[PDB]
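Trainee: What follows is each chain in one-letter form.
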Amino acid sequence: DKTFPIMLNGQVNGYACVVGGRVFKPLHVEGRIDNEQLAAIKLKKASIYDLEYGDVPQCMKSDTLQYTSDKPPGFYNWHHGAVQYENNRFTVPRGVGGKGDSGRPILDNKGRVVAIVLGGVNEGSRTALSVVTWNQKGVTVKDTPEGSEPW
Amino acid sequence: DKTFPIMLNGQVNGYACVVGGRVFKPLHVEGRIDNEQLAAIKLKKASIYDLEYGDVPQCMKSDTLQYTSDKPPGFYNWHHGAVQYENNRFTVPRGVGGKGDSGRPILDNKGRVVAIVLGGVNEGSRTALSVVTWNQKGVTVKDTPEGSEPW
Amino acid sequence: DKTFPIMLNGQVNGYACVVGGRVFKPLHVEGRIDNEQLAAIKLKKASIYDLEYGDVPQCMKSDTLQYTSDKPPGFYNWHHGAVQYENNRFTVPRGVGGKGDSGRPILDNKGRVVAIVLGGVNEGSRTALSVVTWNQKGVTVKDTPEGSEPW
Amino acid sequence: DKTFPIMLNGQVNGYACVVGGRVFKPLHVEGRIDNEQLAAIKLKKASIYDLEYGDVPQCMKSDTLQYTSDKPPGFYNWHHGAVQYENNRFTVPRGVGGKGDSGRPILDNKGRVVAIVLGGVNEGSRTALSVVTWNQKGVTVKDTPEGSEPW
Amino acid sequence: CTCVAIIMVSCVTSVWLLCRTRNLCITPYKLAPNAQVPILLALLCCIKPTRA
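Protein chains in written order, with the authors' numbering: chain L, 111 to 261; chain I, 111 to 261; chain F, 111 to 261; chain C, 111 to 261; chain E, 369 to 420.
Just chain L, with the same shape it has in the complex:
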């Protein structure tokens, strides 16, 4: 796919994902995006929605498209497995979800991104995911389980 990671001191500590028009990068990680095209874009601050300026050039726009509401419970593919829930993400078993997994998009069966993983390293028996979500009518919210350490 198209997901360029962020490297600080030569080590991958976070992942930056591009959605339609705008690039999204978690601001609790530090470093520099390795793409020389991406590094010429300014960065503006927000809440823990983790916004970055979408000043991408014309030749690359509309790579991955977001998913709106009417989201089923279903089964959604994930980069290290699968997640099957709607209100939150699936509490994946242990071992999955180490360090440096922030900013990974969660996609649908049609390639539509429905979430971006931010926190929730350990949640007891199975690790829940602290992601950003589009709500029942197209507004972005942020869902956090209690006691979720950031990545």
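It should be emphasised that the hints constitute simulated quantities derived from the structure, not laboratory data.
Please note that the accuracy of each hint is not assured.
[As the list claims (entries may be wrong)] Sample of chain L residues with no beta-carbon within 10 Å of chain F, all distances over it, derived:
| hint | residue |
| --- | --- |
| 1 | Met-117 |
| 2 | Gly-120 |
| 3 | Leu-137 |
| 4 | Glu-146 |
| 5 | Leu-161 |
| 6 | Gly-164 |
| 7 | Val-242 |
[Unchecked claim] Residues from chain F that face chain L, not an exhaustive set, calculated with beta carbons under 8 Å:
| hint | residue |
| --- | --- |
| 8 | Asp-144 |
| 9 | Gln-147 |
| 10 | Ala-150 |
Ideal Cβ positions, reconstructed from N, Cα and C, are used throughout, including at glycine.
Assemble chains I, F, C and E onto chain L, guided by the hints.
Mentor: Below, chains I, F, C and E alone, put in the same frame as chain L:
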């Protein structure tokens, strides 16, 4: 031939050929040479010919000889076609000559560089292209046709 | 072995060796190491004993072990051949001993680095290498033969 | 042919060629000649043309006939290869161009000397030779490239 | 005013002589952590303690 192309925001915008005596780079197009050995060449402005100063070391110079004046009106191998004229420029099949791919040298059957293209995007059914040339005794003259367009 | 070279203007003019815990680099060469993790290290200048800083994190330490005391004068390993002297360095043939070959380690039969070359371009039919080593009790010494230009 | 090495302290350091009418010897080298009958040749200094006095008698005259002007750019009988240019020397490859072999002549296809080399140790990827030529009517010309160390 | 300049100059000269000795106290032993250190050159003349 070994002609390094210019780079601007990832995509190409022109070709900077290397001729013995002085490397050629159009100042009508922009960008920076990605080669580290040619990045140390001092960028000196020139006249309306859109020329870059040839500060290349002499060992990797004169690998590409250049044709002199008094050219025949016979065949000349363009990179995507063939030109057969002496004073003016012969017609090229339509479609070639878009945007951001100028500076490609026009060679001969002996491989010597005859001319360096700068313009000629679209000029009707008979495709004429604005070029620099050597007129009679080695004088470097730019010839632009009527209704010319930069490339 | 892992030995990252040093780049300056596209050519290689030196080599940087890594021992257990610490990173070595000759003072006579100028340039940037190709490892971006090693560029963030605060290397400090020192005397002829060539003290640098091993500020690398835990994940890749102890690449190779430096050779201890009780040094025999028998066979030893080398990148361009073999050396067979303990008090001095062996009269290696030509080919090795040109320019930009500094910083290459000299290993033992168990893969233990004994010395790092610094000079001794050519001394006639017999070429002597100016290296650093430990004399008797692990104290770092520097042995330099007569007429040892920086190599 | 007939060329004489110059004896200096037991090793060869230069070649003293003989042309019909006047013998030659490089000024930048020194030593003793290797012929008993050339010991009576009066040694003298001169300008940058490398001018010596060929006062040899008639007993060994007319060894190598000289060549006139209008030299073609074709093949030439260099002692370690060939030269295929007229105004400049041909870019001889690596290996050739060592040290201590000055004064070596360049032969024609008719067995005529056309030039005497003087220097050009190494320039980098290719090698240029500082050689003597005859311009238009037989006037002796010393031609040098940029940065030519004597050789 | 001439007196206090002499004490200030001589203090920063001797302490840079002592810092150069301090830098050369440890430099023959930092390049080899596996080599043992004497107890005379650790606490009396130099400063460093036993580590690792």
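Trainee: A separate judgement is required for each hint: does it hold in the structure or not?
Mentor: Comparing the hints with the structure gives:
With a least CB separation of 8 Å from chain F, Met-117 (chain L) falls inside the 10 Å interface cut-off, contrary to its annotation. With a cut of 10 Å on Cβ distances, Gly-120 (chain L) falls inside the contact zone with chain F, its closest approach being about 3 Å. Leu-137 (chain L), annotated as away from the interface, keeps every beta carbon of chain F farther than 10 Å; the closest lies near 22 Å. The beta carbon of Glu-146 (chain L) is kept farther than 10 Å from every beta carbon of chain F, the shortest such distance being approximately 14 Å.
Residue-level check passed: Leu-161 (chain L) sits 28 Å from the nearest beta carbon of chain F, beyond 10 Å. At the 10 Å boundary, the C-beta of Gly-164 (chain L) stays outside the reach of chain F, the nearest C-beta of that chain being 28 Å off. Once the 10 Å rule is applied to beta carbons, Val-242 (chain L) is consistent with being away from chain F; the minimum gap is 31 Å. With its C-beta approaching chain L no nearer than about 11 Å, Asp-144 (chain F) sits outside the 8 Å limit, and its interface hint is violated.
Annotation: interface hint on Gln-147 (chain F) holds; nearest CB of chain L at approximately 3 Å, less than 8 Å. For the restraint placing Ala-150 (chain F) at the interface with chain L, the shortest Cβ-Cβ distance is roughly 5 Å, inside the 8 Å limit, so the hint holds.
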